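In structure tokens, the next block holds one chain alone, the form solved without the partner chain.
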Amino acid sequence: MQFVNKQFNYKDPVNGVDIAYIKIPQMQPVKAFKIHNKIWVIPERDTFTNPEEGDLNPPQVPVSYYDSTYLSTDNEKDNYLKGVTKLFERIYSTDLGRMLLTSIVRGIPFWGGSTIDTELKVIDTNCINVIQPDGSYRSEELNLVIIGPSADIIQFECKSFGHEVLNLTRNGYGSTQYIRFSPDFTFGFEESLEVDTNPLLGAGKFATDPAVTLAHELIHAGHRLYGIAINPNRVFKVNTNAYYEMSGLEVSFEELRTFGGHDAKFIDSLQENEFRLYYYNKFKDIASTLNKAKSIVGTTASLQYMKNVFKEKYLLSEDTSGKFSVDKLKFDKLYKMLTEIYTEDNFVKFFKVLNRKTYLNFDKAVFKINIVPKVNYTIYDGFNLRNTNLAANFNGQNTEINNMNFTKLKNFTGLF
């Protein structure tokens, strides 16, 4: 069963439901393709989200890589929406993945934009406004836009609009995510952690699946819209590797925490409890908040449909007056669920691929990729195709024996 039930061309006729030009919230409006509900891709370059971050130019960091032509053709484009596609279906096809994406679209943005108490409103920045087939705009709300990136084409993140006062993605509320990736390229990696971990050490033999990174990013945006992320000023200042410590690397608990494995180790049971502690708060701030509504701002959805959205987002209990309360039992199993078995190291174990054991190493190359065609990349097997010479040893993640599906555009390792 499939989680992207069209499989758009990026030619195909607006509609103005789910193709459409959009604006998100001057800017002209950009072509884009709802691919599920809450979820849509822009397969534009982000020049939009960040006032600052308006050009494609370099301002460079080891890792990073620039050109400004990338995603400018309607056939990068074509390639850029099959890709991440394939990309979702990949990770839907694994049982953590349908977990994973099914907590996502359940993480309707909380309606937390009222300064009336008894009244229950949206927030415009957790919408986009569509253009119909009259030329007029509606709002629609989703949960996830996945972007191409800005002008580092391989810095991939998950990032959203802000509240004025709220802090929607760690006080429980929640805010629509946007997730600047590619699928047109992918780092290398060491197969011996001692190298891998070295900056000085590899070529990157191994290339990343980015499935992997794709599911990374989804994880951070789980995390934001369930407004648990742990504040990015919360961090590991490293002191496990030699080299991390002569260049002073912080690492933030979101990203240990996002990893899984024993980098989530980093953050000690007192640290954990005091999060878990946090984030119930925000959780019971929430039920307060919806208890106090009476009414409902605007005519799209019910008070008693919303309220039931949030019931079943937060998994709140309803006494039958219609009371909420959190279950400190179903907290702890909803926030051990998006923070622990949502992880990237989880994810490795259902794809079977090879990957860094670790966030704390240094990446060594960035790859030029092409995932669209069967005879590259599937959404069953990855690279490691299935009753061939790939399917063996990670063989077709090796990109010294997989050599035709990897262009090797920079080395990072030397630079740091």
Given for the second form:
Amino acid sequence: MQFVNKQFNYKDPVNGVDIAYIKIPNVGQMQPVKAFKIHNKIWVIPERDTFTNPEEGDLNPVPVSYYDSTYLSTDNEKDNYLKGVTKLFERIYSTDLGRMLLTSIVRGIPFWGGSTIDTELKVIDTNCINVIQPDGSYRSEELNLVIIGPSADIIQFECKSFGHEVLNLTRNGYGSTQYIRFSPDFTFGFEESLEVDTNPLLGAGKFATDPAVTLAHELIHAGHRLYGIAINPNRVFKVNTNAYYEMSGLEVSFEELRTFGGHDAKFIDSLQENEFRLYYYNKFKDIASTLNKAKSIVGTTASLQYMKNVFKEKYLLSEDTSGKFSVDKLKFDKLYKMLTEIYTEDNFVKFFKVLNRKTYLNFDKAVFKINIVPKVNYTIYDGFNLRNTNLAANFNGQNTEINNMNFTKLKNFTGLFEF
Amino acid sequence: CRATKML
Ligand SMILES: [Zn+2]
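Same protein, the form solved in complex with the partner chain this time rather than the form solved without the partner chain?
Complete assembly follows, chain above in first position.
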């Protein structure tokens, strides 16, 4: 079974349904862009992101960065972007772990918390896009996830979203539509020895990161943020296990350490883990309380009873006779654990059977240009490490020296750090 | 996504 039922071509004619010109709810004006609905609640916009941040509206030019204002400007590039992103969703979905994450993402509808009257339930407009219909008029469509190209810095990938004036949607349990800046057209080099990979002065990047991992990393953030359980970026770990990090004063957010998982997540101590678990449990209780107060729905597209069921399913709430919702602590702890401990970069690596950075606490080595679209280069099932070839063994497909036709090095980062 | 973004 496939996650993406249509193998879209960029030049396929608009239909106003799953191939359409759209606008996103950014502050300020934008012209519509052509977008593709690859799955319920998930769209792909094959454009550079000059839209989500007002201060990031152009594509001109930090050690680890890469600029090219012309990338993703042509139709062929946008066709290959769509096929590349589609192939990576399929690679993710082909694993049991990735099917679980993607199900959680689709179920993670952003909360209808836009009403200021507590007897009324209402959508928040920034968790929608506006879609041009065949008659030229717009309709509003709710969605959970948008994959978009990077902004000026091509290799700055990130899972971001529109705020609310008052509510912290990624941290209050509500969730918000997530926009992931991502490219399948580049990847990163890392070193197979830990002591080299974590040293800013050594290594040229012999192995290449499988872009499925990189996309999964951003999807794990999107899961946190859709469930409104992201850890505030101002909660950070003062790294004290890397002499180079300490000289630079480099701190790493708890949200990143969680997302990576493995040993990195254990830098968050038990007291703090318990603190966050209680904090978000209290948010889920607030959501149950809010749903119980709501006696009407705003709008005509969905019934109150349907939307109450959507959020019962999202938050795994208990519903008694009255139809009253409560949060069961065991079910909360289970879902919270799933989202935060089961869906991790380290666990994806195990499912994909790839070589990868061993820690988030490293130094990048290089950026490579790649093309994952041709099945002779990369597959859903095997990534670069093609079965029944010289590339199947020992991660030889990720070995940029052995599989050199698959990688062109664009830039070295070793030595550029101030060390 | 990388830690050195914060430098
Ligand atoms: Zn991250």
